[PDB]
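Okay, so here's just one chain, in structure tokens, the form solved without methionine (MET).
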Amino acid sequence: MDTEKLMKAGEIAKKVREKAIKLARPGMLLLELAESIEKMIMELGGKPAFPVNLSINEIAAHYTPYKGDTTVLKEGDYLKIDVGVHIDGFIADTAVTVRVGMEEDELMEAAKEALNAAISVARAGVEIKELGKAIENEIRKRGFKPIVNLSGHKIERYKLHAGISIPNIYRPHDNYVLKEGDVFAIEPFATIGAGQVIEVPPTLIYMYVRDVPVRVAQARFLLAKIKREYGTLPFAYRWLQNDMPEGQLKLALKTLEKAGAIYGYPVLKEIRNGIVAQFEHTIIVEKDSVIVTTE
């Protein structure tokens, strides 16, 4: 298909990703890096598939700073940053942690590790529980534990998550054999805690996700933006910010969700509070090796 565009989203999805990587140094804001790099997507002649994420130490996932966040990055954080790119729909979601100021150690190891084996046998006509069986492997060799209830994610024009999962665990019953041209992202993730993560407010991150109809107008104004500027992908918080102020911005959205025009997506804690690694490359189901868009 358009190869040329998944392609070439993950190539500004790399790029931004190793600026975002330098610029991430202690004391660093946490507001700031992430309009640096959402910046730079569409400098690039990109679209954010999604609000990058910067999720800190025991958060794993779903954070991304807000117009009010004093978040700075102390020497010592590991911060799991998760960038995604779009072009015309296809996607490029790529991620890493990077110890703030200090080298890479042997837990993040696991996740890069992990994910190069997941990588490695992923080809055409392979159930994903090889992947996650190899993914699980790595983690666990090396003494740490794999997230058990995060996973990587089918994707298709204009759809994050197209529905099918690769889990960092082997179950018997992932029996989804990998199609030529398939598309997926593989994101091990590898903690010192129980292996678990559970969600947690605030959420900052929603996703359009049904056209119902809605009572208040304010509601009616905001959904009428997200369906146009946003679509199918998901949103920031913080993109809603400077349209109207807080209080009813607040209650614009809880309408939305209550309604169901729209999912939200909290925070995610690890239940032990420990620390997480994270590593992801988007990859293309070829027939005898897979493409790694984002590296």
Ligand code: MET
The other form holds:
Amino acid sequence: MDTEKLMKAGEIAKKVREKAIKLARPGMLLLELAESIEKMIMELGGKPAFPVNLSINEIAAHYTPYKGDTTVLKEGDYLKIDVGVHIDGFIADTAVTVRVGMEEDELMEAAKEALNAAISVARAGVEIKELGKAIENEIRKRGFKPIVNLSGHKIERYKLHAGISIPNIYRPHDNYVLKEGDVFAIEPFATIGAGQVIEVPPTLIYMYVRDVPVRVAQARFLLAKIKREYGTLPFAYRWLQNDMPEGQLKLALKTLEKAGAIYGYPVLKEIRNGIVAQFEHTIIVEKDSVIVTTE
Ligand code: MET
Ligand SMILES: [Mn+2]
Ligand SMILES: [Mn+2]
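Please supply the corresponding structure for the form deposited with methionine (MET) bound (the preceding block corresponds to the form solved without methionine (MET)).
Every component of the complex follows; first up is the chain already shown.
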């Protein structure tokens, strides 16, 4: 339950994130970018907490390339790089928004500053809604809209989403009190849209949740793999594309999802297709202050 492991993951995450920004150049194939980042995490002695998310513009999050993905980077693209690393279950969840081949603009500044704002107020004994207020005001005061159905979350060993959120808006009932030992991921999301995300195809990220009886053999076999190799952490569709043909893989996945054996994470898009910016850091709450493990 190490602060070292948490910190180690934190520094690793940072390293691969900063590099990801330099590679995020126009003409860069999303697929290549992804496998470079993930490859860099292991070379550093870490493990992906989840497949690196690469979301462009209106696409808010939960997008990761796949084998055969032709999606390529171009100048002006508001690319959100959400990197996740874990050391023996100790996670580090961070992200940045880079507008390919250009500089940071207002929208991006809103999300970033929102983050900085939230972090500066984060202290043991402080109610989560305080962070929310801080975040919302940094985004709105800049004329943008926070995304209401996407927020930070408490993080625990081998558990990305611990069950306590940090909304990007102020809510009178978010009265949970930050305490020493708590690990949270603060990820303010800002957009020029309505400020709400929706589910849309395809489904490129999944996660094991429950071991349930499965009739079909191939599906049953896959479930066992997912469980054994990906445990209780999200995995990418891409990571399994070398296991079996496309047709069979999709069916298997589809079945397991149906049986309620695994969770499917469809790509999230702004409800008005408004460009979306996101900045995220992981923090550890201590007695006198918080520690941003990923800055
Ligand atoms: C679906 S994998 C992406 C997880 C995302 N980084 C989050 O903060 O929840
Ligand atoms: Mn993230
Ligand atoms: Mn997160």
